[PDB]
Amino acid sequence: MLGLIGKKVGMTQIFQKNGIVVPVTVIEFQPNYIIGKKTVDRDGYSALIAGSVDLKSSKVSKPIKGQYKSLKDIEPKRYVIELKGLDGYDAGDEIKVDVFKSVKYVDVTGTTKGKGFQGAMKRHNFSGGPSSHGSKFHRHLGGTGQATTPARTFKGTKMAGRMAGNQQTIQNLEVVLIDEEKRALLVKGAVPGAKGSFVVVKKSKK
Amino acid sequence: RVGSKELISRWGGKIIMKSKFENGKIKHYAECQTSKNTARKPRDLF
Amino acid sequence: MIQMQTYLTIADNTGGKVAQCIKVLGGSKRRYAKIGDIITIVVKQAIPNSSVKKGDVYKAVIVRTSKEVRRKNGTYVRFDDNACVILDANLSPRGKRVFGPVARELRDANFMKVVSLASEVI
Amino acid sequence: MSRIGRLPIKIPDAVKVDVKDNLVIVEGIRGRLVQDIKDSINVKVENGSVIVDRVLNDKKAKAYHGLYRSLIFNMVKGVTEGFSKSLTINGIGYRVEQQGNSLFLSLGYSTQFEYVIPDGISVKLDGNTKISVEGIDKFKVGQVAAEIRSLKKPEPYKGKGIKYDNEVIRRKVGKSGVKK
Amino acid sequence: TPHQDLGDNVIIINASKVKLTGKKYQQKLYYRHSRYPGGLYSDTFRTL
Amino acid sequence: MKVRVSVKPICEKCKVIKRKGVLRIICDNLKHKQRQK
RNA sequence: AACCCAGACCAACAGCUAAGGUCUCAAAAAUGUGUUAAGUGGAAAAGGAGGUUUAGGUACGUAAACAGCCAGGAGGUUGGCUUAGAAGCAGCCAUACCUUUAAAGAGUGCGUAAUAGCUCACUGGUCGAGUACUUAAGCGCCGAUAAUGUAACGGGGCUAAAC
RNA sequence: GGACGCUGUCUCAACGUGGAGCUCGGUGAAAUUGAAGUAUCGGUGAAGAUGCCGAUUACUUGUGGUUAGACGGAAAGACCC
RNA sequence: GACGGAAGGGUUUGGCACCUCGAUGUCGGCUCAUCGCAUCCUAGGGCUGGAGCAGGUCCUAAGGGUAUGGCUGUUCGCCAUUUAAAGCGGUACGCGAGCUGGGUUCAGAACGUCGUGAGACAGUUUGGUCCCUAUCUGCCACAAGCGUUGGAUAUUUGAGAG
RNA sequence: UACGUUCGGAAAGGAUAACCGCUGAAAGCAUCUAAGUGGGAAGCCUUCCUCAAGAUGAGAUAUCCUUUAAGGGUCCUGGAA
Ligand SMILES: [Zn+2]
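Residue numbers (the entry's author numbering), protein chains in the order written: chain E, 1 to 206; chain i, 10 to 55; chain M, 1 to 122; chain H, 1 to 180; chain L, 51 to 98; chain h, 1 to 37.
In short, the hints are calculated from the structure, not lab data. Any given hint could be a false lead.
[Claimed, not checked] Straight line, CA to CA, 30 Å or less: simulated DSSO-like cross-link-like pairs of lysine-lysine:
no., chain 1, residue 1, chain 2, residue 2
1, E, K104, i, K50
2, E, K104, i, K23
3, H, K20, L, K67
4, h, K2, h, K18
5, h, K20, L, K67
6, H, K60, H, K44
7, h, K31, H, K172
8, H, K10, L, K67
9, E, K72, E, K101
10, E, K56, E, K104
11, H, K60, L, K78
12, H, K158, h, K20
13, H, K163, H, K85
14, H, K152, h, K33
15, H, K163, h, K15
16, H, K140, H, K175
17, E, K17, E, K84
18, H, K152, H, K140
19, E, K7, i, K45
20, i, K14, i, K36
21, i, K27, E, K206
[Stated by the list, open to error] Quick partial rundown of chain L residues pointing at chain E, CB under 8 Å, derived from the structure:
no., residue
22, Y81
23, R85
24, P87
C-beta: ideal position from N, C-alpha, C; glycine also.
Required output: the full structure, derived from the provided sequences and hints.
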């Protein structure tokens, strides 16, 4: 599956030729290199290891350094991922942004924004109690279980706790524009993560 | 009326769609005469 | 964003002057109607001795809203009062003339005759 | 048991039969067919004829007796004369056509049905409303004719659909039969 | 001695060719529960 | 059709069979079809 | 706790037994003759019912029984009618109607306004001995169906490690 | 009871402010308390099981939340007799 | 499908008085659900005195969904607009150490009826405190220690689970 | 933050409920079944997304280090946390 490690620059909008506005998210692609390969007869499966923006030479541990010993003029890469079942490339290669030039839809994977310790009403769209008529119940859970049967709280009951921070992959984002000179992709819609967080863009499954 | 959209491919073909058969399994499936590309649902051909 | 209990100006010459929305059609929990939707109204005030009496229930189409709704080209049109037009059984305007402007989403919602009888389309 | 289980099997001259290790091969003018035979039943070829008997007398063996007799008989009649089952397409605007190893059916649906013909089986047309499936195996011939019929099962109000030729469709009435 | 571990170890080969009798091949069920409500999952002998 | 507990022939042309472990009645008069509950 | 076995003076790293079991978890079994294919065993009614083991009756037969197939399946006579039409088949009385009688009912069913028409009972050939309906006993099937999770052998599993 | 006007009462909630809550330093309780290396489900049972049988799940130990249970604590039930 | 017969379900009204009176807080409503299928709708069928359409009856199937207002404390019921459809039950007739006190079930007062009266009345109307900082188990989340058999740093196959 | 914007509820495959078969018995017929062989659904299992080797069954692997090295932690300046 064709994929790339990009950085979510932000959002903007563009004007189609006839006047229709399209709200887009912009992704900037630092150069991506193929660092190694995984093979079915040696690792158990076939995948390509892909890496991106470099690290500072004072903060590269020697295991990471030795990972790149045999590669020529490829500094250590901070973001490393795997592309399963891909061919057409080998160690030392380098993937342009134009691999999406023939693609209509993409999928983007990133780390969603963190919202801290969040309550039930925000986390699960719980309604609350009334704010008047004598109510002493505003944004609490309400009841949680049943009385004596089962005499416990079922596993998976939704309560308060941390919100957000998980990975998530959003599907079928239309591809609006590709700009090779500035290494940018413009997709239509929202992309998980805060500004400057790093996403992975894959060719759409459908 | 917003004029009845002519059921067209993205490759300029009509999507006539038909019914393959194979091994008890009856299949309705999409077809373009311009490009002969076979899929099932004309979603995939706009 | 017309919901239930909203007051509306009847913008045609049937006789009614104020209507109240009592249902938003087409949807189970549907809560808001926009320009070009059909609602069920009760008449709360009418011109005396007219063909429309106070307290009758009809279907009406929304022609002006006071909350702006996005269009494809990015433009938003926000009127200054909420107004509707009464319809007969065929989902066609019961009246013969329409007062004031209307919004052009009636064009897309296929109310061409309301659009024509309007004075200005914005 | 019953006489079909014990009735002897004649062998046509052009047809050869052979039994070995729970298997039977029947090679004829038009093809070759194979069969499994269970342990409790014994199949013998003698004097240009086939006989079947049972080592045991459990009811499974009782049924097997007739089952394998009949199968081997249909296995021999096929390699000599082949099996053929026919069909009729009746109804306004219903058509059938052939291209290579597939059939195209126009049966009122908004799509024209293509139909791959499985191997080992031939299809014969008579105009555009009569079909006849021919082949070496009765089982396969019946299967194909059945699946084609299932493509558009008949109906009783007007006889429309794809019917077996030998079948008789019970018929009902609609509007005018209820006339008072 | 049931107190302690004094027996030998066992390697089973050809574990995929064990034969069953009756209709067990179609009817024996292996159940499991995820501990979440309603999360009871069955699995017949074939599929397992 | 007549998923009953007592399945009996209705006309002399109805016939009794047993399929996969249920008792059934089959007839030309499709109105007579039956299976035990 | 109430059922079954069995009345504890104390100690023992002794033996024989009761109830209850002898595949294992978990101390204890094997051989012989039958049944069971439903995991019945390991819940339950009336009833339905070519399940099968065994035993016993009534129909029926090597002089051609059942089933299938090849023919006949008639006429007097719309049987008398009721009714508007009943021809075998809205319905009523009976078929104490004989006849050429292969064998053919005052017609078995379907469908016809009423008929027509298509079929059955019956009988002849082909093939070749059990068939066709009941009764008694042992295991079975559906019936059989509630809510935190397989949950009506303790479980694993067992076609005997069931009876 | 109805009408007018007015509104976050409601569809529908979000944001902000102030005192607590959160961490650290000092000072420092209460009711309760047979103990505890206290899991769940299906059953049984003084007839609603943390302690029994079968089975399943579970590395050890905290903190911030929420009360489903421990027929919670408080009041020798006020009702009935 | 008349007149009858044989069973299940344990939800309605009851029987019984077995657990509980050094306290098992009783009816609705709000918030939050979960489970059964005897299935309201969507799905797959059989047959119709099923022409089509629209149905009726029956089988399989619980994955998802199954409305907002006027009246009543109301469950229920009725009524007005809807929707493909506005299901039936269990879970202390789900859920007050979560909320609400309208009603029920205190002491006020008045009315109707009965009693000589004091008073009584699942007759009526009005007013009339809802306590508790969570020890354990359970659940929603984040860490500490430790193991994974040389010790660490990264990329991941996947049981299993949502 | 939604009162906003964008996207998602598929398609396909395997085994199947009810139902319908094909070839054929026991029972010369017939029969979906008894030997086989099939179609068949918002249902089941894969497939989509998230978590996941404390899965003690503790996986696979690329590189570094070889008596305290590799590497990690504390401290401090801070965040998209
Ligand atoms: Zn019949």
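Tell me if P87 (chain L) is really an interface residue toward chain E, meaning its C-beta lies closer than 8 Å to one of theirs. Status holds, d = 5 Å.
Margin query: Checking one constraint from the list: CA of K31 (chain h) to CA of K172 (chain H), max 30 Å. Satisfied?
Written below: holds, 13 Å
- Query: Taking only the CA atoms, is the gap from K163 (chain H) to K15 (chain h) under or equal to 30 Å?
  - Reply: holds, 24 Å
- Proposed proximity, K33 (chain h) with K152 (chain H) (alpha carbon, max 30 Å): Cα-Cα ~23 Å, so holds.
- Decide if the proposed pair is consistent with the structure: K60 (chain H) and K78 (chain L), CA atoms, cutoff 30 Å inclusive. holds, 24 Å
| query | When you check the alpha-carbon spacing of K140 (chain H) and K175 (chain H), does it fall within 30 Å? | reply | violated, 41 Å
ask   = Do the alpha carbons of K60 (chain H) and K44 (chain H) lie within 30 Å of each other, as the hint requires?
value = holds, 20 Å
*Minimum Cβ distance from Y81 (chain L) to chain E below 8 Å?*
violated, 18 Å
Has the given pair, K2 (chain h) with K18 (chain h), been kept, meaning a C-alpha gap of at most 30 Å? holds, 16 Å
Below or equal to 30 Å on CA atoms is what counts here, so check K10 (chain H) against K67 (chain L). violated, 42 Å
Fill in: Pair hint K104 (chain E) and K50 (chain i), alpha-carbon separation not exceeding 30 Å
Holds, at about 17 Å.
Distance restraint between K17 (chain E) and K84 (chain E), which requires alpha-carbon spacing of 30 Å or less: With Cα atoms ~38 Å apart, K17 (chain E) and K84 (chain E) exceed 30 Å; violated.
The structure does not agree with the numbered hints 8, 10, 12, 16, 17, 19, 22 stated previously, though it agrees with the rest.
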